[PDB]
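Starting off, we have a lone chain in the form deposited in one PDB entry, written out as structure tokens.
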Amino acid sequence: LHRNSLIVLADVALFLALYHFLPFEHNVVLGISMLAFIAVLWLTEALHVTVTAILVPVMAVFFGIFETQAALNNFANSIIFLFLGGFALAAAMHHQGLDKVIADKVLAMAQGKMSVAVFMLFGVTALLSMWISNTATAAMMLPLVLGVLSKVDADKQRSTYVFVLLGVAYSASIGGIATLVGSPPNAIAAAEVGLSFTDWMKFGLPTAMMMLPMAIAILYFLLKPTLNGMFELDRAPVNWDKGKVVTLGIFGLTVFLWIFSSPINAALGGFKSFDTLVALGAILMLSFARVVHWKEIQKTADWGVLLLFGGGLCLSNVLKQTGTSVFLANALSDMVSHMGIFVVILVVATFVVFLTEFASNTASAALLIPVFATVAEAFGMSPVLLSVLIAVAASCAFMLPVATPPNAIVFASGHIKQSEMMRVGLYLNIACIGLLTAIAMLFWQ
């Protein structure tokens, strides 16, 4: 009776159809049919992203592709735990309120100027997003933005207070491209191609550094009248209490080890997934240092995303084991050789940057990273490029709301028009397809 119940039944139909009608070796048929089935369920979101994730192994198992335990073992990949470490690290500094103090201390550095208020509001939202979340960084920023844009209250003077709203919802999404913790897509790429924390930063941090100015520039040079206004610094000030310095200290130490993981680990006996150990170490230090309780981490952690990671890896393995990766490689063989590597990575970048407007950031990564990385491997090319690309572009949702929660958070502020966002994002999309295809060409040799 419901929309989604039908999408599911139409997908069950589609599967059954593809299954019986495709004219290939049995494994490829099964692999293709499953790919389509999942593809639909993640893009439509007829079932919850995480329920679909769980659907992957239970199919794999019933269709004899894997044994139950083999399939499940995916959900215990070391990146999954690295991400759970980053969740606990966030939980700590939120419960501790170290996110508020980093906001106040930087925001009140700007004395009383709306010019240097919004510019510091974007610079914080981005720096906080590197470690925290997107949905979380955005929802935490909204009250602090509405606090500032209350002195220039005239909402017949909209474009002042739309620039600073749309500004953070993008700064949250762009800041999420800086490190391996931040936005799930990054983690899905890292789990797929086997990246370290310090690996993904060598890619993303440059891209975030480039894209934040470029995005502010584009919002600016549409309609900004904000070189005017004054501050209302209205609320109780902040102060470092029972080891907000400790939470910072652990955080600093953790982030330090993540960066210097390569020499530190090598000069320790070369442990296997060092970054993950550092991440689990963080959870231990944070608990021994009494600084955060476990009930907190259990609330903060998006276990649904952690389960998603696994289902996506399971999918990747279903494609390999059924030879569907090799089959598509053969099928695209003539096409990709008739295209350039420029042409390809332009098509890819474009495709996702717009697909991510209609569907979930991570759901899109969870579908496309496996398909592309595994096909790239059948071509015997390093799957890293295509994977990192997809993950960055999947976090480039700038048009409508519903694209990301950050977009829909500043939108519910009952002010910003549907039409307005749809055209700043349309420029910023292309702007990125440029920047990405640009950078993706430079990171080659």
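Numbering follows the first chain given and starts at 1. Basically, rigid core = biggest C-alpha set you can superpose within 1.5 Å across the two forms. Compared with the form deposited in another entry:
- In a rigid core superposition between the two forms, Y161 is the single residue of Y161, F122, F309, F197 whose Cα is displaced by 2 Å or more.
- Core-superposed comparison between the two forms: CA of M214 displaced by less than 2 Å.
- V352: CA moves 2 Å or more between the two forms after rigid-core fitting.
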The other form holds:
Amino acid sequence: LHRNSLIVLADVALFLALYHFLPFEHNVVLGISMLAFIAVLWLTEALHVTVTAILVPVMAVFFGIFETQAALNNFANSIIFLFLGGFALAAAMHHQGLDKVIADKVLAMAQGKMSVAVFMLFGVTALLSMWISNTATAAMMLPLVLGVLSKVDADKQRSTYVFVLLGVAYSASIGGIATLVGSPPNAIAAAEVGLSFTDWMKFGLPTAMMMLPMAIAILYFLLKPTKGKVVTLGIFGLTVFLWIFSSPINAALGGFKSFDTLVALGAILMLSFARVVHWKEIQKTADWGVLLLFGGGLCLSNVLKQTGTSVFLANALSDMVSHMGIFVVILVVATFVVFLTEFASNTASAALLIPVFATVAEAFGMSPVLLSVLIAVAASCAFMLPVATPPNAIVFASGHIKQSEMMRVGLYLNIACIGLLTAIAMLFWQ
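Provide the structure of the form deposited in another entry, given the form deposited in one PDB entry shown above.
This part shows the chain on its own.
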């Protein structure tokens, strides 16, 4: 506060302002004033991300857009649960100390000292993050990353943090795509368009395994150089096997309608029956307010719809768009890759935009998928400043940080991103 406290107030004014004049049509007035109002709180963060989320539904309902239980049922949506057991799988894989060994194992696999070790770290960050979490994975990775440079002290110069520490934060964010879980933007794409685990994986996984080298290499030239729980490991693999091949498997049992969730809910089940994780540790590791957030953004979408806003937008958007894209259109949306670097919460960014862009592509009768993936894949591309995203913050503390060296470097990457994404987006468009 009082900043945040007033901003809300400013935003209430903004709403009342739009709501009361903005003549248009009443139910579009609603959608817009609401759209804008929520557009603010989630950008910045004037309230907490999760609060505004819980704000969304009560604002439908009152205003009569929905009825309480229907507005609420948004939270029960299946991807949320897919995500929930994503968390569970991590939580277990942590508390049994599986990740600890992975790094200890792959790092030490580097044999001697430094040279290769650094890159090892990068991969293990990306691989590990694929599954666990960005910040979490970055945080955990950081202390091992300091250990690798000790006799590597180097008042001169860049290796200690610039590169390796900065590399890590970046790897942490890159393999954050590549899997529907996590980070949460992927989840929110998936919720919106109804992607399967492997559906999303088809896109991210490769985009990730290119953007990674591209990033580290860009990074390189602008700097440089100098135990019984296998059950967990196995339960992990089966759950992931079940996810990839979900299609034939589900096909082959009949049904099943959102298999990937049952596969996931199926993990927490086998994990807790196998006695390899306690629910306390699930409940802690689980970010309950992202799951809450998912539903917020789902409710938003249905608001944009019932209200008529999502169609109105596309109407007004029409003449303009028919002239430009899709190649200019996706260059341009992919240019909100620059936009997760300013106040982000890539989550809250994704939370805001995907509903808007997917549900307009719907009144144009194209697939909400392309934009919805891209927007989400772009939001994870946040580099160039702490913060967000937090892995940046994580690395920014301690040894020879930069603050303008992030700034420089993150610019050449963020661009080779906006380029690389536009590139791929175009290919899958064939």
